[PDB]
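Peer 1: Following the hints, put chain R with the ligands in place on chain G, whose structure we already have.
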Amino acid sequence: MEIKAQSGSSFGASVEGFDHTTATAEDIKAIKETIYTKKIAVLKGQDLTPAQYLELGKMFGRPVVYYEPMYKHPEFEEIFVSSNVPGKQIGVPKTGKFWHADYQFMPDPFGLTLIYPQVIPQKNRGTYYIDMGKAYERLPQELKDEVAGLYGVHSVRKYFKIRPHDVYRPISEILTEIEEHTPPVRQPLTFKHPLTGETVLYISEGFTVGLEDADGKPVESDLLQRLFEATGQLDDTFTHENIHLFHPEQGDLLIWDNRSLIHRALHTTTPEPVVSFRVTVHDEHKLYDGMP
Amino acid sequence: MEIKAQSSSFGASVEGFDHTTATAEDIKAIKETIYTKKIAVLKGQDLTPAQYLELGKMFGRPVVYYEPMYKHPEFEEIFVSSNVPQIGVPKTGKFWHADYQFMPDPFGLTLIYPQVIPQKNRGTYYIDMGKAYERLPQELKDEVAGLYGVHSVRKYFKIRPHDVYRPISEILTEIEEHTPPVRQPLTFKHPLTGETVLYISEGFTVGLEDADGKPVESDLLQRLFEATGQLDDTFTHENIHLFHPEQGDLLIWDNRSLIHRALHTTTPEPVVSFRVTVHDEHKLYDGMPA
Ligand SMILES: [Fe+2]
Ligand SMILES: [Fe+2]
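Residue numbers (my numbering), protein chains in the order written: chain G, 1 to 292; chain R, 1 to 290.
Pulled out of the complex, with its shape left as it was, chain G reads as follows:
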């Protein structure tokens, strides 16, 4: 197994010759260290059944089942399915078309996200990424001092997806279910990365709905929108310097840093088939050390 860096960038790395059935424990830790510093590792030539995909994921941590069963793979609930291939729909079509970190709206977010594309359109398909640790460092000192001591408030209520059994329900009832089952969760606005020690600005346009001070009082300023602006999350041209665009190819298996990165899906505006399998695992740490 050989880990190779990406051409002309310190973001991302490739992993060639990886076979999870033969990979040593030293191999796994070498890939882990690549993930936490290069932010994303792309395993090449992966041809795995769902069961073998889950076993590869289990070598990197403890899987977390997505809270909403509509997304589940029918045979392995640990697999999250993004698919637009029906007469009945399996999984959910074109998930994640918004800036977010995974489970940012949940009380205990996991450290590693695995994405295993199954069907890839040739054009206009990919994933955008922003390193929110590097995005914090590139903030002006004004914003650096403003975010200190604050807390982010994160909720799924913006991009919660209507389910088949929601038809004919009054929309207020759904909003109440969202607040009861998935209430807004608080996290420190910045935290120390438990593995690299860098400072991460933990916000995303999709899930972060507001800010609060240490005592839980909401922040009245437009600081949150200015943080979205400065980190590049409001540039709908996706040319901002913080933004990386990656195009997976057949055989790729992505494992990236769910603490440092926010991401957003690039899909076609067509019914062309596109399928991706997701597995999400807790590593050896929570979001940050000493998390209450």
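In short, the hints are calculated from the structure, not lab data.
Think of the CB as a built atom: it goes at the ideal place given N, C-alpha and C, for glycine as much as any other residue.
Some hints could be false.
As the list claims (entries may be wrong) - Residues from chain G shown here face chain R by an in silico Cβ test under 7 Å; the list is partial:
| no. | residue |
| --- | --- |
| 1 | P93 |
| 2 | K158 |
| 3 | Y159 |
| 4 | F160 |
| 5 | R169 |
| 6 | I171 |
Claimed, not checked - Beta-carbon label-pair distances, calculated as ranges:
| no. | chain 1 | residue 1 | chain 2 | residue 2 | range |
| --- | --- | --- | --- | --- | --- |
| 7 | R | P161 | G | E77 | 22 to 32 Å |
| 8 | G | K94 | R | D142 | 48 to 58 Å |
| 9 | R | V216 | G | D222 | 19 to 29 Å |
| 10 | R | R223 | G | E272 | 49 to 59 Å |
| 11 | R | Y165 | G | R186 | 26 to 36 Å |
| 12 | R | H244 | G | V119 | 56 to 66 Å |
| 13 | R | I27 | G | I90 | 51 to 61 Å |
Peer 2: Only chain R with the ligands this time, still in chain G's reference frame:
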């Protein structure tokens, strides 16, 4: 044709009405009864969808419901409430509301023609919001003068089959653009009877506003909901009437004075109702802004 009260100042039954042979004086006698007794029950009606629409046109200009999901397949003027898998929409109106209260130009008359009446009767609750105002304590009447009601469909908008897999915030945005909130005076003079109507409903009224347009941050709206009997989940409040229809009934009621809601019990049996909504020579009140 004969009009009789039902021995209760709420409600009247109309016997011997045939819309194919009724005269203009019959129609006007029924209209006068609707604005006074608040609901007129036409007995022994036997109508196809087309004949039902012809009947409704004798009472005014029909309004087509804005959301096409509720439309009857061959007559768009007919609003279909059905739990039979699918034309119409199931489990409709399980909340106090006046029809089109969330719209800028509410109509005065609502017609309901049940198609499938189970033996487990599926009736309708009613509250006369004119009498609800008169029974308010004087200080509550004082709090109400000069205010405005803000009405929106955003709470009981029903998810449609083409909404599946959409993010919920996009539907809320679509609701705001197509059917934004609408202001009406908190009370108004009934343009047919002259009485004062407290024009609120738990289902559609989302807030109150100052005479200047400033939101009323008090809990007056909730206290108005409670005082008019809209928060009584036992349906025992003295303002509440439970009407039970029988086979040939056709209901026409005052959509200005009355609020209504469906039964609390979940229906197991098939039940279908055809609704026609109609403008009646007057707007919500005389002197509405254009
Ligand atoms: Fe995602
Ligand atoms: Fe209704």
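Peer 1: None of the hints should be skipped; say for each whether it holds.
Peer 2: Structure-based check of all given hints:
1. The beta carbon of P93/G is positioned within 7 Å of a beta carbon in chain R (closest approach about 6 Å), and the interface hint is therefore held.
2. Taken as an interface hint, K158/G checks out: its beta carbon lies about 5 Å from the nearest beta carbon of chain R, inside 7 Å.
3. Satisfaction of the interface hint for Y159/G is found here, the shortest Cβ-Cβ separation to chain R being roughly 4 Å, below the 7 Å cut-off.
4. Here the hint on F160/G is kept, as its CB sits about 5 Å from the closest CB of chain R, short of 7 Å.
5. Because the smallest distance between the Cβ of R169/G and any Cβ of chain R comes to about 5 Å, under 7 Å, the interface hint for this residue holds.
6. The restraint placing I171/G at the interface with chain R holds, with a minimum CB-CB distance near 5 Å, inside the 7 Å limit.
7. Separation of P161/R from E77/G is about 26 Å and conforms to the stated range, judged on CB atoms against 22 to 32 Å.
8. In this structure the supplied range 48 to 58 Å holds for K94/G paired with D142/R, their Cβ-Cβ distance being about 56 Å.
9. The given range of 19 to 29 Å is respected by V216/R and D222/G, whose C-beta atoms sit roughly 27 Å from each other.
10. Checked against the hint of 49 to 59 Å, the C-beta distance between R223/R and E272/G comes to roughly 56 Å, which is consistent with it.
11. Separated by about 29 Å at the C-beta atoms, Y165/R and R186/G satisfy the suggested range of 26 to 36 Å.
12. Taking 56 to 66 Å as the suggested C-beta distance range, the pair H244/R and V119/G conforms, at roughly 57 Å.
13. Under the hint 51 to 61 Å, the C-beta atoms of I27/R and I90/G, about 58 Å apart, fit the expected range.
The structure shown violates none of the earlier numbered hints.
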